[PDB]
Each structure stands twice: as C-alpha cells, then as structure tokens.
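Student: Spelled out, the chains give:
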Amino acid sequence: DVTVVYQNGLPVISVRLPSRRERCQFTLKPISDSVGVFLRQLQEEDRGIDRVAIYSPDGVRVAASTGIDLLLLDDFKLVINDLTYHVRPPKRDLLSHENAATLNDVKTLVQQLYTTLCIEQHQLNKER
Amino acid sequence: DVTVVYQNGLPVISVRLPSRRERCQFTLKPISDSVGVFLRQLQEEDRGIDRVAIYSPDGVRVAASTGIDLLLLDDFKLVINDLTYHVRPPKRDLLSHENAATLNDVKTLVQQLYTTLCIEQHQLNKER
Amino acid sequence: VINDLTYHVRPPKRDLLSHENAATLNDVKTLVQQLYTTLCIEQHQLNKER
Amino acid sequence: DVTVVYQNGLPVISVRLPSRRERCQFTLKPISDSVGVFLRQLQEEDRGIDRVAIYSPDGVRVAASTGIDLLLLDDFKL
Amino acid sequence: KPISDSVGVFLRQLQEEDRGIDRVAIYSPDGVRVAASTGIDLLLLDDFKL
Amino acid sequence: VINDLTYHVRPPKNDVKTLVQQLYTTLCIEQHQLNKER
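Residue numbers (full-length UniProt numbering), protein chains in the order written: chain A, 74 to 201; chain B, 74 to 201; chain C, 152 to 201; chain D, 74 to 151; chain E, 102 to 151; chain F, 152 to 164, 177 to 201.
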C-alpha cells in the first residue's frame, strides 16, 4: 500500500516501489517542496520507474507546480508505471472552518507543554 | 473547456491537453506568478504542445511579464496547437468591511506562529 | 547494506525527551502549518510588499 | 489504424501520432534497422510520445535489437 | 547525400537560410506526411509533394 | 603521512525548551502590549 503518517512534524509517506518488491519511506518538507520534486525523488530512488503521476479523484491530473501542503489536504491517487494506489489517510481534521476555537486549540496545547517542562525555572536559571 | 475555480483562495485552471487527452489542473498564484511562466508550466506538462499563446478578446497579443492579477479580472482567449478556447473567470466577492479586522488578525498571529517555528533552520542555513 | 553484507549499527542515543511532550509538540507543529496552508498567508504576506 | 504496405520491396508503416493528429509514414530498411532504431525514430518524430512498446501476440515484449524481418513474420501489438 | 542524409535534417539546412518557414514539409502524393528521420534515397525512389 | 614518516599535527585551538518559550511568547505579547500601553 501507500500511506502517510506524521512523524516529528513532517508527513512521512511510505510507498511500495516496483523494483525489488520493497518499500521505501520519504520525509518531504511540505512548505517548500512541490510535487515535481517528489516525483524527481521517486525517479532518483528507483530508475526503473517510467511513468509516475498524481491524480485528483475527479480523474483530473494535478500538475507539477502545486504545493505538497495543498496536495495533502484532501485525498488523491498515485500512479506508478502501470499500477494505481488511492491514498486517503492524510487525516484531514478541519471540520471547524473557524478561527477562534482553532487558535485556542493551539495555546491549549502550548500552555500544557509550558507547565510540565519547568520552563520558568529554565528562564530563571539562565538569568541566574 | 477551460474553467477557473477558486480553491482555498487560489485560482485553479483545468486545461485539456492534446497528447494524453486528460484534464489537468494548474494552481496559479495571483501576484507572484505571471503568464510568462504559466506558459512555461504548460510547456513542461505536455511536450506535445508545439506552440501555445494567450491573448485578450479585443487586442492582438499580451506579452510576457504580465501578472495574473491583471489578466484574471478579464476574460481571455487561449490558443493550443489547433484549438482556440476562451474563458471567463468567476468574480470573487468581498468581506473586507467588518470581518477584515478579525481575518487579518488571525493571519498576522498565524504568520507569527509560522516564523517562530521556521526560523531555527533558516538561521543556521544563513550562517554557514 | 554494503554489497553482500548487513552492518547493523547502533548509534548512542542522546535525545532524552519524554514521549507525552512529543505528541503535543507534534500536534502544534502540524496544526500551525495546516492553518498556514488553510488560508494562504504566503500570498497575504506577499501582498503587503506590493 | 496502423498498417504496413510493401512499397518498392520495402515495408512502410502509417501511424497516427498523439501530439499532432496526422498520419505519418515510416520507411525502414529490414537489412539494417532494428526495433530500437524504429522506436527511437518514432520518438524523434514527436515530443508528446513518452512510452512505446512492441509486444508479441502473447504478452511478452520484443527487445531493442531484434531485426525487422524477425518482427514482420507475424502480427504484433504496438 | 543520397543515403547518409535525412529528410528532417536537410529541411533544417533548407529552413535556416530563408524566411518563409510557416510550413516546410514533404508529403506523399496521397496527403500522407513522410517521417522526418527517413533517408533521402528512400524518398527520391518514388514521387512526393514538396 | 607521506611515504615513510609521520607528521603529528596540533593546531591552534535545552534546544526544545527555548523553542517552546519562543512559541509561548507569541501567544502572550498580543495582550501584554495593550496591558503595558494603558
């Protein structure tokens, strides 16, 4: 299969390469990678890949100029030399379409991480 | 059948290509992107395009270094090898009377949160 | 993997970071990026210079 | 449809191309040319062509050093 | 040259000098376009449209 | 090491807690400037 899971703030995508029947993972930096660089990286990793492409689920191809972060919002399909793989677990969570509660969900986590690490003691330690 | 859709605040053009007869979609940037490399992207996506042009519905031609902001207010005619399409884009509404003071505040706070996180790579990457 | 070998390497671990903190920091680092993509702050940032 | 005509003692292949919709003909010499020369020539004709394969009546592929007279004995898939 | 020259590269030398290169082509007399990379001896053995 | 001999040469001779502090101080100064102003 082809799947995507978040490791350490970055989406690691696991993919099944055609040659050697073995899987490879890809850690791609989404805010500055485009979907052309990712296909160049797949063809770098396994030169026997002839055709590789990304299909939006209307049958329409997504061109090689968009961002990764746009491409991981809603699902898509990935076509290697003749096989397809529809991929759905990017786990889009934005059912809110809001501003205030979505930003309160940031500092709900930030203050919880701010308590348990003795950070005010760390600031006073550096000042001392 | 060229169509322009606004997805997440960005224009997406759905062009039909002559080689693989598939609908493909390009995600444009309004300000930073221009026609002069939009045509380069349409050259990159299909090698089979011999010559491609695009111009205004009254004038003869529009040249390179023309912004998508200036083209996208008007309709325009598109020319692939033996095909001439013409497309109006839809017109975006406005919400910048009341909700702008909340929307721009959310944008400023999330951009501060982005540049808080992205900076530790960039400081070392600039130092070396 | 050198040609017909399998060198199994165990590097000395020096992280020392607790696991409960890591998922919360991961959720922050993903949600900030996802909201940065959600409403195109790169384009609004580029608008002010214009 | 793609057909082969023996004109003047030589096979001539008429192919409709994907990029520009014409029907171009290819004249090739069975004493020198090979499969890998004919598909390289068809690749040089266009640019929108990206994958090419001469198969068999069976599912197997014909390589890029087979002579043309060893190809034109039977029907084939392009 | 009869045998070592190609149609699609003789037309390059024909088109690099002049100015009217809206269309330069060689067709079969039934409207079929000949390939560019075919030879000259294969072409001049029969008739053609220039 | 050149062909035979030896030249021994002697020449003239927390990273997450700071990031979460920089991340916390973005959510705070937006209120703190209006606090300090009035």
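Just so you know, these hints were derived from the structure itself, not from any lab. Beta carbons: idealized from backbone N, C-alpha and C, even for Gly. Each hint should be verified, as a subset may be incorrect.
Stated by the list, open to error - Taking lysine-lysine pairs in the DSS-like style, the calculated list, with each CA pair at most 27 Å apart, reads:
no. : chain 1 : residue 1 : chain 2 : residue 2
1   : A       : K180      : F       : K199
2   : C       : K199      : B       : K102
3   : B       : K199      : F       : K164
4   : C       : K164      : B       : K180
5   : A       : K180      : C       : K164
6   : E       : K102      : D       : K150
7   : C       : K199      : A       : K164
8   : A       : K199      : C       : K199
9   : F       : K199      : C       : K164
10  : E       : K150      : E       : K102
Stated by the list, open to error - Taking CB as the label site, the calculated pair distances span:
no. : chain 1 : residue 1 : chain 2 : residue 2 : range
11  : C       : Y158      : B       : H195      : 34 to 40 Å
12  : A       : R89       : F       : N198      : 33 to 39 Å
13  : A       : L146      : B       : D155      : 20 to 26 Å
14  : A       : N154      : B       : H195      : 52 to 58 Å
15  : F       : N154      : C       : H170      : 20 to 26 Å
16  : F       : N198      : A       : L115      : 48 to 54 Å
17  : E       : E117      : D       : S138      : 53 to 59 Å
As the list claims (entries may be wrong) - Computed footprint of chain A on chain C; a stretch qualifies when at least three of its residues, placed anywhere within it, have a C-beta under 8 Å from a C-beta of chain A:
no. : stretch
18  : 157-164
19  : 187-201
Student: If a hint holds in the structure, say so; if it does not, say that too.
Tutor: Each hint, compared with the structure:
Proximity of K180 (chain A) to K199 (chain F) is assessed by CA-CA distance (about 22 Å); at most 27 Å being required, the pair is judged to hold. The hinted pair formed by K199 (chain C) and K102 (chain B) meets the criterion: a straight-line CA distance of about 15 Å does not exceed 27 Å. For the given pair, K199 (chain B) sits about 25 Å from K164 (chain F) by alpha-carbon distance, which is consistent with the 27 Å threshold. Only pairs whose Cα atoms come within 27 Å are accepted, and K164 (chain C) paired with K180 (chain B) is rejected, the gap being roughly 39 Å.
Our distance criterion of 27 Å between C-alpha atoms is broken by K180 (chain A) and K164 (chain C), whose separation comes to about 31 Å. Our distance criterion of 27 Å between C-alpha atoms is broken by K102 (chain E) and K150 (chain D), whose separation comes to about 35 Å. Proximity of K199 (chain C) to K164 (chain A) is assessed by CA-CA distance (about 33 Å); at most 27 Å being required, the pair is judged violated. This hinted pair does not check out: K199 (chain A) and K199 (chain C) have alpha carbons roughly 38 Å apart, beyond 27 Å.
With a C-alpha separation of about 45 Å, the suggested pair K199 (chain F) and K164 (chain C) falls outside the 27 Å cut-off, and the hint is violated. About 20 Å separates the Cα atoms of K150 (chain E) and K102 (chain E), which keeps this hinted pair within 27 Å; it holds. As the Cβ distance of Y158 (chain C) to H195 (chain B) is approximately 35 Å, the hint placing it in 34 to 40 Å holds. Between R89 (chain A) and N198 (chain F) the beta carbons are some 56 Å apart, a value that contradicts the proposed interval 33 to 39 Å.
As the Cβ distance of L146 (chain A) to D155 (chain B) is approximately 36 Å, the hint placing it in 20 to 26 Å is violated. Range check, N154 (chain A) to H195 (chain B): Cβ separation about 38 Å, and the 52 to 58 Å hint is violated. For the pair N154 (chain F) and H170 (chain C), the supplied restraint of 20 to 26 Å is violated, since their beta-carbon distance comes to about 56 Å. Distance hint check: the CB atoms of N198 (chain F) and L115 (chain A) are about 52 Å apart, consistent with the given range 48 to 54 Å.
For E117 (chain E) and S138 (chain D), the Cβ-Cβ distance of about 35 Å falls outside the hinted range of 53 to 59 Å, so the restraint is violated. By the rule of at least three residues with a Cβ nearer than 8 Å to a Cβ of chain A, the coverage given for the stretch 157-164 of chain C is violated, with 0 such residues. Under a criterion of three residues with beta carbons nearer than 8 Å to beta carbons of chain A, the stated coverage of the stretch 187-201 of chain C is upheld, 3 such residues being counted.
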